[PDB]
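Construct the complete structure from the given sequences, taking the supplied hints into account.
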Amino acid sequence: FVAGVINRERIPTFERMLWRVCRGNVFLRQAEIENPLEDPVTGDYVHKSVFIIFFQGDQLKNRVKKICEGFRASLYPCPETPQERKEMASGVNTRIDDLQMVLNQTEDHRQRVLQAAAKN
Amino acid sequence: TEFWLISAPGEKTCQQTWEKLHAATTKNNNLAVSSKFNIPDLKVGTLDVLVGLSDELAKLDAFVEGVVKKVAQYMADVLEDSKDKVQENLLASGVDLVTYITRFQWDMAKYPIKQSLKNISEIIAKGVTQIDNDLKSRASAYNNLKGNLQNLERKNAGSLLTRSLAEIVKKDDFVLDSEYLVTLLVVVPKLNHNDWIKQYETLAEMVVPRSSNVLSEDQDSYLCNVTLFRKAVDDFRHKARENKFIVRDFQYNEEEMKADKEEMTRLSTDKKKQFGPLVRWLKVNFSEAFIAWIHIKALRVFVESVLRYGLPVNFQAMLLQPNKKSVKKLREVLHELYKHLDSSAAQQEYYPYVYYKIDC
Amino acid sequence: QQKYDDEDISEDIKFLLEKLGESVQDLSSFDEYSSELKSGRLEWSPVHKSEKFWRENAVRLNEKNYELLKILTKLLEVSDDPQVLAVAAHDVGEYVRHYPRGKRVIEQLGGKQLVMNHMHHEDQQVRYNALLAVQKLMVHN
Amino acid sequence: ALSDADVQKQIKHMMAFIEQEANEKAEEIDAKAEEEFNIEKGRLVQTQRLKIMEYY
Numbered sequence: 170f171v172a173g174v175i176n177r178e179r180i181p182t183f184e185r186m187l188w189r190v191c192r193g194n195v196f197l198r199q200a201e202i203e204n205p206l207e208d209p210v211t212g213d214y215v216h217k218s219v220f221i222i223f224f225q226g227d228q229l230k231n232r233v234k235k236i237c238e239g240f241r242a243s244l245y246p247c248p249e250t251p252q253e254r255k256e257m258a259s260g261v262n263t264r265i266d267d268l269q270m271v272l273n274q275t276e277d278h279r280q281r282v283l284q285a286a287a288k289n
Numbered sequence: 003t004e005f006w007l008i009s010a011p012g013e014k015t016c017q018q019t020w021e022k023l024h025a026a027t028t029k030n031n032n033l034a035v036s037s038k039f040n041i042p043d044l045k046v047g048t049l050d051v052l053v054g055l056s057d058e059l060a061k062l063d064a065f066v067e068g069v070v071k072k073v074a075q076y077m078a079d080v081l082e083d084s085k086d087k088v089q090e091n092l093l094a095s096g097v098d099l100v101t102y103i104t105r106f107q108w109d110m111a112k113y114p115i116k117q118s119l120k121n122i123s124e125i126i127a128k129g130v131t132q133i134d135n136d137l138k139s140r141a142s143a144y145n146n147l148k149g150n151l152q153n154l155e156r157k158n159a160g161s162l163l164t165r166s167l168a169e170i171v172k173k174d175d176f177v178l179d180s181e182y183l184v185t186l187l188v189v190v191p192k193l194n195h196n197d198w199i200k201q202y203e204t205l206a207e208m209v210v211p212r213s214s215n216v217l218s219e220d221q222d223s224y225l226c227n228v229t230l231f232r233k234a235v236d237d238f239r240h241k242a243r244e245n246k247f248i249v250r251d252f253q254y255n256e257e258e259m260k261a262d263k264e265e266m267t268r269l270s271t272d273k274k275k276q277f278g279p280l281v282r283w284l285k286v287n288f289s290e291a292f293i294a295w296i297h298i299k300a301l302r303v304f305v306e307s308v309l310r311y312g313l314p315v316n317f318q319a320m321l322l323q324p325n326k327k328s329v330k331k332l333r334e335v336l337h338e339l340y341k342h343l344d345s346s347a363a385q386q387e388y389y390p391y392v393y394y395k396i397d398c
Numbered sequence: 357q358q359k360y361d362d363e364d365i366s367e368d369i370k371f372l373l374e375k376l377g378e379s380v381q382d383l384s385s386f387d388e389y390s391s392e393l394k395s396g397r398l399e400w401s402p403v404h405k406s407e408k409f410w411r412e413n414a415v416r417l418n419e420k421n422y423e424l425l426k427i428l429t430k431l432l433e434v435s436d437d438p439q440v441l442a443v444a445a446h447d448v449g450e451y452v453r454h455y456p457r458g459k460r461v462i463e484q485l486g487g488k489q490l491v492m493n494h495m496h497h498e499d500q501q502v503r504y505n506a507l508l509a510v511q512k513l514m515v516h517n
Numbered sequence: 002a003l004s005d006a007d008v009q010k011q012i013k014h015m016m017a018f019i020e021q022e023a024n025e026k027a028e029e030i031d032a033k034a035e036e037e038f039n040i041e042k043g044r045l046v047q048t049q050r051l052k053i054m055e056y057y
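Chains as they are written, first to last, in the authors' numbering: chain a, 170 to 289; chain 6, 3 to 347, 363, 385 to 398; chain U, 357 to 463, 484 to 517; chain 9, 2 to 57.
Errors might be hidden in some of the hints.
In silico negatives: residues of chain U with every beta carbon more than 12 Å from chain a [stated by the list, open to error]: (1) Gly396; (2) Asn421; (3) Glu450; (4) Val461; (5) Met492.
Straight line, CA to CA, 20 Å or less: simulated EDC-like cross-link-like pairs of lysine to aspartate or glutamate [claimed, not checked]: (6) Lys10 (chain 9) x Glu256 (chain 6); (7) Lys26 (chain 9) x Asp227 (chain a); (8) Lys172 (chain 6) x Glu256 (chain 6); (9) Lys420 (chain U) x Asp387 (chain U); (10) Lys230 (chain a) x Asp50 (chain 6); (11) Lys10 (chain 9) x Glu306 (chain 6); (12) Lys148 (chain 6) x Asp50 (chain 6).
It should be emphasised that the hints constitute simulated quantities derived from the structure, not laboratory data.
Just so it is clear, CB atoms sit at the ideal spot from N, CA and C, and this is done for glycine as well.
Structure below.
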């Protein structure tokens, strides 16, 4: 029961599909993100809204794996109740900001090199 | 023979009992038939394996239907005093489809009450595979019999050029016990009846003049006997082929003709001897299948039931005979009864109530 | 490339090219690199571009008690020469692009904090090599 | 479709399922415990029977 990533575009109907699998069987985990970054698939900034049906049995878990794979749905996250997961996530996020500034300076080098090359 | 086995979630058992009985609770103002129904059941504590069983049971019911259809195709093949409308719905356990479904129960002999449903499905699987093995073996026997009978019929088919002359050649005109003479069983067209009879006189030496006489008359030609010396046959046939004549050397021997007649007689006897016990054993299979099938369907209904609501065995079994060109109102009233209760919010997609097709 | 009809110089170029080929093979070895690094001396050589020493002998860069990596790691702060430091940064970049658990080893050693500084250490050759080494560093990240 | 109470009803649905499964595993462990109780009784009594018979 972990909130995934869906672009709020097929949520009313993906809920219908999750119901046709098992109608109102288990808890629904909800989340929402605004003004998201350019997507890895197309680069769009479509807003995200997600409602997730999850099953603890093995077969039904695999069934929902198949269902979410049959649609554009990302279920990568695997959190954990202890706070250590969130602490490591925050450290990773600091590394993410480091990658961001690294991207900035690499672009700086790229542009200066291109200007040098184009001058001649 | 359209019918539907309807299941109710069972909010209050008496309420659903009244739903499955009265004329008002019967849709279309009782233009259809809503008969109650009940069976013994069993408890399952794990739903993962239950939905596994649901999928394999949908597949199982599938090939089960395929098998008894094949059966009905075999019934139409044999035609052993049985027509597609006469004894079409054999009265299994002495009763037809509707009375059987209303009267249906868990087969105690096939399984006890407490046998886990998965094991019961396994037992049904073993039984149906055994039935299918018997079906293909019986099919092989019938195919052998039918092919041999068709060959027997083909023995007596065709013109006199290529058909067995077993009923034709006679000893009196067919010269045996003589190293000198020998009878050519010439084939002469009726339009050329007198013609080739006349020209056979002088096709070769060492010949008997104009012995060409009719043996047996066919539609377009007729076999005929010509008596002449043995080495006369060579020149006779050569000059025959020169003048567009036909000569067939069908050798006479009585014993194989007798043997073939007794062969077709004994194969007819084998045919009826197989067809009797065959139709008996096929009645047995029809009953056994049909029973196991309604059990399969009832089990699958119970599976969907336990899937689609809470933990107890709140569930009522029903049979439906939909009214003609009024199933739309049936379905609409069923929606008005059940869909609003299906959930606080609201086919393969949406399916607030359960009901599954039958047509024998 | 430009062929001559002078067969003599043709065989001359042949034997010279092959002989210098095995010579550079002899300038392509793990142990000479270990000697040079243990000497506190580093200069752009065939060893520093020896791809066989880099891909085949990366598990050898896990020398006992990671002393090679420790020499590099301490050179990340005591090396005040930009060129030797550039060579060290490039070598670390290779050791990370080949062996990811060696990447995590370096992360444990804390070299990434020192390398970050080289991404912004005056000399523009130092920016470039720090940036490239970290670009290697960001696989699986 | 489901208020908090109805999702809790499904939670209790699965509670009852794991009630039955917990009972199944508990009674299975108990039955196997008695089976091994009897089996180990038989094995140990047979071995000591052999020992004592040898002695006698």
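Hints not upheld, ascending by number: Violated: hints 5, 6 and 12.
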